[PDB]
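> Using the hints provided, position chain B with the ligands relative to the given structure of chain A.
2 protein chains.
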Amino acid sequence: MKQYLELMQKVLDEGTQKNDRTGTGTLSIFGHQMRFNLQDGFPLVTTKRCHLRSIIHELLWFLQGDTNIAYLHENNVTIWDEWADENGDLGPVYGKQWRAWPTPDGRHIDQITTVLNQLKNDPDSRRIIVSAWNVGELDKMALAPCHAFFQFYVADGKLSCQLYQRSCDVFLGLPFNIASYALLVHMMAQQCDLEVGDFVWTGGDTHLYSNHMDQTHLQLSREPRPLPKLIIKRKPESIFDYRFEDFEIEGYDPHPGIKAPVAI
Amino acid sequence: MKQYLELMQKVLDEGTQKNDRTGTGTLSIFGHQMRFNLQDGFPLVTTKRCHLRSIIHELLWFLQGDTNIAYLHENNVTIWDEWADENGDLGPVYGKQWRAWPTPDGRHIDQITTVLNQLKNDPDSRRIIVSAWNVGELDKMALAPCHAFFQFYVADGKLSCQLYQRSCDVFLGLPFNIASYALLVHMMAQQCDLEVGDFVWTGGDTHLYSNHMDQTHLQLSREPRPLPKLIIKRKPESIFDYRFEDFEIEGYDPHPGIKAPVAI
Ligand SMILES: Nc1nc(N)c2c(n1)CC[C@H](CNc1ccc(C(=O)N[C@@H](CCC(=O)O)C(=O)O)cc1)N2Cc1cn([C@H]2C[C@H](O)[C@@H](COP(=O)(O)O)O2)c(=O)[nH]c1=O
Ligand SMILES: Nc1nc(N)c2c(n1)CCC(CNc1ccc(C(=O)N[C@@H](CCC(=O)O)C(=O)O)cc1)=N2
Ligand SMILES: Cc1cn([C@H]2C[C@H](O)[C@@H](COP(=O)(O)O)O2)c(=O)[nH]c1=O
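Heads up: the protein sequence lines correspond to chains A and B, in order. The letter at position 142 of the first sequence is residue 142 when you use the deposited numbering, and the numbering goes up by one with no holes. The letter at position 203 of the second sequence is residue 203 when you use the deposited numbering, and the numbering goes up by one with no holes.
Only chain A is shown next, with the shape it has when bound in the complex:
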């Protein structure tokens, strides 16, 4: 996508060498922002093939409040295998914080239901926010949240959303993350009778791993194709009642996949 390849070129042109946990080695910049108008098309990267079925199933899993990979395995999705413990558990990562953030006084807050009711009843609110950054539970999580905090906004009948991503593997993780939140915006907008607005992506430590550079330059040699279109085929009674089959992506004509090694 034009904005995504510009970001890749910016990391390459302006980034600095940085180690990670012992680890692999990165090139990193700090601070970036880009905007996808979702009325232009669904922002699924076209300069390499991406696995949308995994994106959809992961988001439905988050929305259920699940943090065990059993559901993902029942749908042949392996993207979390490397972080799960021997029972398939990840600890209280995204889905648990979204649906049941634990308070100090024994309550749990369903932030997704909260922002659905704000969008329906108080869309001018300046605090329609979901955070996964539960400081007091980070030590129980298999990974600290990368897509850590997000905010919705309504204007002119359109729903927008801004994500703060504190750490971002630009080659492997970011295509998935963009498509995931874009999908969530469409579902929310459907539930609240709004049109889609912008997805605004903001990055903290935004980096390319050193073993992804030949793959990154291969992708950069390619011309983006027209964006695909997202069609939702049903209006479920709640944001938690969507099914994989309710979604169809039309016109996705990507360049070939590019394989790259994960950095656990």
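Simulated from the structure, these hints should not be mistaken for laboratory data. Hints may contain errors.
Unchecked claim - Label-pair restraints from in silico Cβ distances: (1) B:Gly88 / A:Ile231: 54 to 64 Å; (2) B:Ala100 / A:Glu250: 33 to 43 Å; (3) A:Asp156 / B:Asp85: 34 to 44 Å; (4) B:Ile231 / A:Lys140: 38 to 48 Å.
For each residue, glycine too, the CB sits at the ideal point set by N, CA and C.
Structure of chain B with the ligands alone, referenced to chain A:
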């Protein structure tokens, strides 16, 4: 400052007219980012005189972990008077979360102590974060945090910081917010023997109140002047031992102050 005046002009030109919680009305945009290289100068707005007395005391108050305005009054700082209760209390707002975020199990995390230890021990970490957005205590706060989340970053011996501000009064609040976090960067860099890098400001709902328009037009007619330089006159034993007398701003030649009514 150039970037600040460009943002003000952008809200005027592109902002949407919104009813807000106060009944005042705003012009608002969603999603913006600015970057201040702290080696170019300290980013204190020069197109109106900003009073650093209140900024410094409020930051020292945060760092104490204090959420009662008594300390502020003892120093003739009144910026929190409206929202406090008859005892001076604000609930568990910024100071409490920075210094003693409560876990669900009755422990606490000192996020400032943690960040100092990360900068000194693990400066390449991608999770050097302080969050005031404690979902489970928002109900107890007098006001939901506006400067909600910030992240530090170290590259080539320089300390950078990025703030996510979910709601931004561009005219009254933003000059203070920028200066406050720029000051914290200088203080942490001093304690960690680092040089200062960038302060990156990221906004969510970024707005101008409808009774600030005369003041905005006045300020947009003024040419910015070269930024001042911050001097810290003493190095304290810790980030928790600074005093107002430690700070000097040299070469600050602002245009006159501009008075505007605050939306409660
Ligand atoms: N209107 C208002 N302005 C604030 N700055 C502000 C507040 N309320 C709530 C308390 C706390 C106190 N800090 C201050 C800071 C500066 C002043 C002030 O009036 N200074 C004058 C006098 C100088 C002097 O006396 O020496 C001068 O500079 O000459 C007063 C209070 N802040 C800060 C806070 C909040 N907001 C906004 C965004 C939304 O408009 C709204 C939230 O509303 P909501 O939850 O989104 O619905 O507060 C921000 O944009 N940046 C934030 O850091
Ligand atoms: N170092 C590092 N990199 C990351 N990307 C990363 C982590 N660490 C920690 C945990 C996660 C989980 N989410 C995801 C991680 C990776 C992918 C991913 O690699 N997608 C591939 C093919 C997917 C398939 O069909 O199985 C393709 O799109 O081609 C998708 C989601 N992300
Ligand atoms: C879950 C997830 C991880 N990641 C990457 C970011 C980091 O490189 C790495 C997280 O490790 P970290 O805790 O050291 O930042 O995984 C993404 O980029 N997007 C995602 O959604």
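> If a hint holds in the structure, say so; if it does not, say that too.
Structure-based check of each hint:
| no. | hint | result |
| --- | --- | --- |
| 1 | B:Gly88 / A:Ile231: 54 to 64 Å | holds (56 Å) |
| 2 | B:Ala100 / A:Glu250: 33 to 43 Å | violated (52 Å) |
| 3 | A:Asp156 / B:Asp85: 34 to 44 Å | holds (38 Å) |
| 4 | B:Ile231 / A:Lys140: 38 to 48 Å | holds (44 Å) |
Hint 2 from the list above is the single one not met by this structure.
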